[PDB]
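What follows is each chain in one-letter form.
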Amino acid sequence: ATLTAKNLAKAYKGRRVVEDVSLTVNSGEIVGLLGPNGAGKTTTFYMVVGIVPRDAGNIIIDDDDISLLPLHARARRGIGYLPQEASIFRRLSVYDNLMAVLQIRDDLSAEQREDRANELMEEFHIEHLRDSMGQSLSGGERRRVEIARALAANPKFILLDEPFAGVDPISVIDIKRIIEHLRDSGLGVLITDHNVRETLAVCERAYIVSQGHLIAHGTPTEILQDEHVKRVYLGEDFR
Amino acid sequence: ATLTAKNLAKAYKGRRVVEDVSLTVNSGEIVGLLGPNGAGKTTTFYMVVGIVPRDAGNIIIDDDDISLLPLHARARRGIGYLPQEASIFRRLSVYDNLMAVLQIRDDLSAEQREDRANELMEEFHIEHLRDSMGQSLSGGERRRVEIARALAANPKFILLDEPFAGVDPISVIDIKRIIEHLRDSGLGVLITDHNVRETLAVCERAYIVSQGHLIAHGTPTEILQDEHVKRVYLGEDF
Amino acid sequence: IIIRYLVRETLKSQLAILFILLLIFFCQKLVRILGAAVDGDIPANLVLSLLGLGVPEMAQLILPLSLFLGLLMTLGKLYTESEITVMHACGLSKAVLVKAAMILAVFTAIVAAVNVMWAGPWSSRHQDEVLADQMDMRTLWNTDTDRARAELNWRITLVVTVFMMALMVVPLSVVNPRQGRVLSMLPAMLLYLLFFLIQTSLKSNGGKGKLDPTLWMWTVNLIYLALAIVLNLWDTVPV
Amino acid sequence: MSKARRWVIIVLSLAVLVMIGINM
Amino acid sequence: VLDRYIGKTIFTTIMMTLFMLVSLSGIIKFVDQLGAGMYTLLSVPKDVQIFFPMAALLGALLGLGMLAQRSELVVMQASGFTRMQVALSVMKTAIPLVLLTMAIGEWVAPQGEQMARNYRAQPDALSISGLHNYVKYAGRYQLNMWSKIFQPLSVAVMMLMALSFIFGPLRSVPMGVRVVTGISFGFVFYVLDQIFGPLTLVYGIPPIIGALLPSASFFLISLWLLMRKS
Ligand SMILES: CCCCCCCCCCCCCC(=O)O[C@H](CCCCCCCCCCC)CC(=O)O[C@@H]1[C@@H](NC(=O)C[C@@H](CCCCCCCCCCC)OC(=O)CCCCCCCCCCC)[C@H](OC[C@H](CO)O[C@H](OP(=O)(O)O)[C@@H](COC(=O)C[C@H](O)CCCCCCCCCCC)NC(=O)C[C@H](O)CCCCCCCCCCC)O[C@H](COC)[C@H]1OP(=O)(O)O
Ligand SMILES: CCCCCCCCCCC1=C(C)C(=O)C(OC)=C(OC)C1=O
Ligand SMILES: CCCCCCCCCCC1=C(C)C(=O)C(OC)=C(OC)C1=O
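Protein chains in written order, with PDB author numbering: chain A, 2 to 240; chain B, 2 to 239; chain F, 2 to 133, 247 to 353; chain C, 1 to 24; chain G, 6 to 39, 51 to 138, 246 to 260, 268 to 360.
Please note that the accuracy of each hint is not assured.
[Stated by the list, open to error] What follows is a set of in silico ranges between Cβ atoms, one per label pair, in the way DEER data are often shown:
no.	chain 1	residue 1	chain 2	residue 2	range
1	F	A264	G	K259	50 to 60 Å
2	F	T81	A	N59	36 to 46 Å
3	B	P71	A	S137	26 to 36 Å
4	F	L62	G	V36	21 to 31 Å
[Said to hold, decoys possible] With a cut-off of at most 27 Å between alpha-carbon atoms, the simulated DSSO-like pairs for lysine-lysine come out as follows:
no.	chain 1	residue 1	chain 2	residue 2
5	A	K177	A	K11
6	A	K177	B	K231
7	B	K14	C	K3
8	B	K177	B	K157
9	F	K317	G	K34
10	A	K157	A	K231
11	F	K30	G	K34
12	G	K108	G	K62
13	F	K95	B	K157
[Said to hold, decoys possible] Computed far set for chain B versus chain F, every beta-carbon distance over 12 Å:
no.	residue
14	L72
15	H182
16	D194
17	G213
Derived from the structure by calculation, the hints contain no laboratory data. By construction, the Cβ of each residue, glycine as well, lies at the ideal position given by its N, Cα and C atoms.
Isolated chain A (complex conformation):
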């Protein structure tokens, strides 16, 4: 599938913080969405997820317009959202986290969910923990059960909001390993992190926006050899 936005715009009060941002996420593709802080890279992200309602855009998965829909009707078309906070179900079991969202899908019978859950929790190596709740799990499983749980809702276009976001450089390699595995199952993923050193090292395309709109949409080695990004953003030294 392909998830495309088209001419997205958003204005709070007079100043249009987003004008004419158009992106495209295909399947089997990490794509980044970057830029300076407050420029509108986090508003044009939430306009694709569904929290911030659009003003002039057209969010389209391959043959249905979802630009009018809220987040919960958008999450059933195949959009998955992973927030940058913890958001694990705390006083609920780590097997019941997967069974929580596997009962929402009406195309699974009541026994066909308890082997899909038994399959997801060994792909992500979270089978040795089965009754550990989640208010004290780890920092390393406050990032891997939530990916197994966001994959249990059957997405096509899982959207990562600030995945790295203040973790040690020994744990960046682990959450880069499960982003590249995430698209080996045929799954386009959109990243919007601030730490632009690994979200240009994990992605294949990037979508630099600054203060209202797109600047570049090339490969990471095409934005370093650019010039206009190098004045509002990265600088003159990045190698």
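Based on these hints, arrange chains B, F, C and G with the ligands on the given structure of chain A.
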């Protein structure tokens, strides 16, 4: 001067969060304090500042033990602190909140307060904002006012707490320009943050404290070639 | 400059409590006096003037309360905004916070001393005549030198409580980020409320002749003033 | 939040409930 | 299942707030010495009847507010759940609450309060069935029937109201602001019960619907905060 912190410790409800960290910093020397988020670098930093009371240890600023003194008493004897978040005075003018901490210095006369204030705007390129109060100030222009008024208290050893904290990479050139400007004025800067790649580019030496005690120190070249650091921290850094 | 900043900032929060708390006390004055005029006197000519003439009695309790609560709002805001920590970091003690509280309690204790004599007895020498010995609501302060239930000890302690409740809020408005910002008001708001439940049950209980309101009404005023000083001088050697 | 700060709010609010029951 | 996890989180904090609000007003109800008279122990199920529409609002603001501050209220609706079937999961735990404030307001709080007032012998508040077909020979004594028959209806309104401004203007506030709002809107419900109680007979003419205006006016705020502001 030679701010030295010796044999510091803390226990939060029995949990030994730091044992035997000894660090020094001299005048005109950037020194970093980094490591993983296991309590470590943050409770050690908040003992030299003074907002966390030590359990056992000694803080001396070159001659005299200031380990039993509060934050406002250490600030008279040198030590100056910058919080991580926005700490500018809210409904005050930029010239007014530079003068508000310049008025407490009793070793000046009331004409020398005005000469020092106009010397601090032109040193930090602020003098085009003297009637403009804050919350018309951006992220990069609020930061220069906080360093200009921490310098109005006449400190030795400005120690900064996460001075990068999320800024775009064209705005780390300008923070590292005014950090290396404090070193050229004879101030011993002590930095802690999360960003490893931008402090090991600016520090002259760095302490790595992980899981309680201090695990390594040295120049940032020989930090990267260390092997015991390399396992708990910085797997394949560069 | 830093003292004129703390006064101008609390005065804008103190005059905003005095408008919210005036309507809260008006409605409590409106909930009751219907119930004494729905099966009592007629509510046709008095219900708007009996409301407006009981104001200098209800301003005896909201003038110490608005300076108490206005300093919890203003000092508690600058603790969370990191303006008081950076005030100590440039080097100046907590005596600036105490010299700005008592220069602001003087502004309130000369409104609460104009209200307590010849503005308070006036509204009882006018509210009790429109209904046409031992009253102690219309006598002024010089003619309150009678015997036998002369309660001027509750008209003096409403002015001393402007000063001892401005000393207690400078070390009790320290916001801990782990507890929150309303959980940190709980030892302060319970301590002010305990002060008014003891002095009210010493004014009325000492009105019958069970215990004289000079020994026991100023023991509470001196226990709480001595509590205001050990809290303000806690940063020293152990004792 | 502490052991001595918690045991103040228990004790101080116990004396408020007694003093409400005194003047009723 | 997490229809049985929203409801388990709510029901635990309703009964934690209600036990708190009854133990607080039981030490205040230790007034009647001014030594082992247990007047305040047999008057417990009357205090449960009085504080139940307030523990319903304050306990569901406290239980849904901890689902929102732990960010597990957006992560289940970003994987499924409509905002209607999370509203239907706080009504499925409201039916055992309504079937408890009308099961003790007719079997326990009659016989517990009366056997305490007789033990303390050194609006004719009896029952919803005892006052039914009692007074014939308009007045005041029928309003105590209507303000008691759908007093269980006011529990389900306040749990709907405690959800209407969790989706509305208290999702991103601290936890202490939700408690202060829960106490403040427990003051307005006292005002609407004792100022629309008498005044709807003596200065107006609602016969039956005068007891509805406490619950009918907090139902209009609930559908104004999730529909007009959506
Ligand atoms: C957003 C803003 C909105 C506007 C806000 C501003 C305007 C508000 C306007 C109305 C104000 C009050 C007006 C008034 O005027 O209040 C007056 C007196 C002035 C009161 C001002 C009080 C409120 C705060 C003002 C400031 C607000 C910012 C009395 C009255 O008017 O009543 C007087 C009446 N007493 C009371 O009611 C208790 C009387 C007690 C008064 C104390 C006064 C000193 C208070 C200091 C407070 C400091 C607060 C910080 O407090 C009351 O009223 C209080 C009623 C409201 C309680 C609200 C909840 C409080 C707890 C919240 C949770 C912590 C009194 O005793 C008879 C004696 C009780 O033992 O027996 C009764 O029944 P029973 O035993 O027969 O069954 C009483 C029994 O006990 C009891 O229920 C048990 C307890 O005690 C109850 C104590 C109160 C609740 C405590 C809960 C724990 C609290 C812990 C707090 C730390 N039961 C009732 O009455 C039935 C009511 O359902 C009780 C309702 C209680 C609240 C919850 C339920 C709400 C309704 C139902 C919802 C489903 O006899 C008087 C003469 O008649 C002969 C009579 O009249 P009068 O005054 O004319 O002489
Ligand atoms: C600190 C707890 C209350 C926080 C309210 C938001 C605080 C952060 C932004 C504040 C602010 C505003 C709004 C502002 O409008 C302004 O103008 C000069 C400020 O100046 C320095 C500010 O600090
Ligand atoms: C009926 C329930 C009412 C709850 C009211 C909560 C009010 C919170 C006000 C917070 C606030 C404070 C204290 C405040 O001091 C301030 O500005 C200086 C604000 O500015 C926008 C505030 O919002």
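- Taking each numbered hint in turn, which are not upheld by the structure, reported in ascending numerical order? 5, 10 and 14
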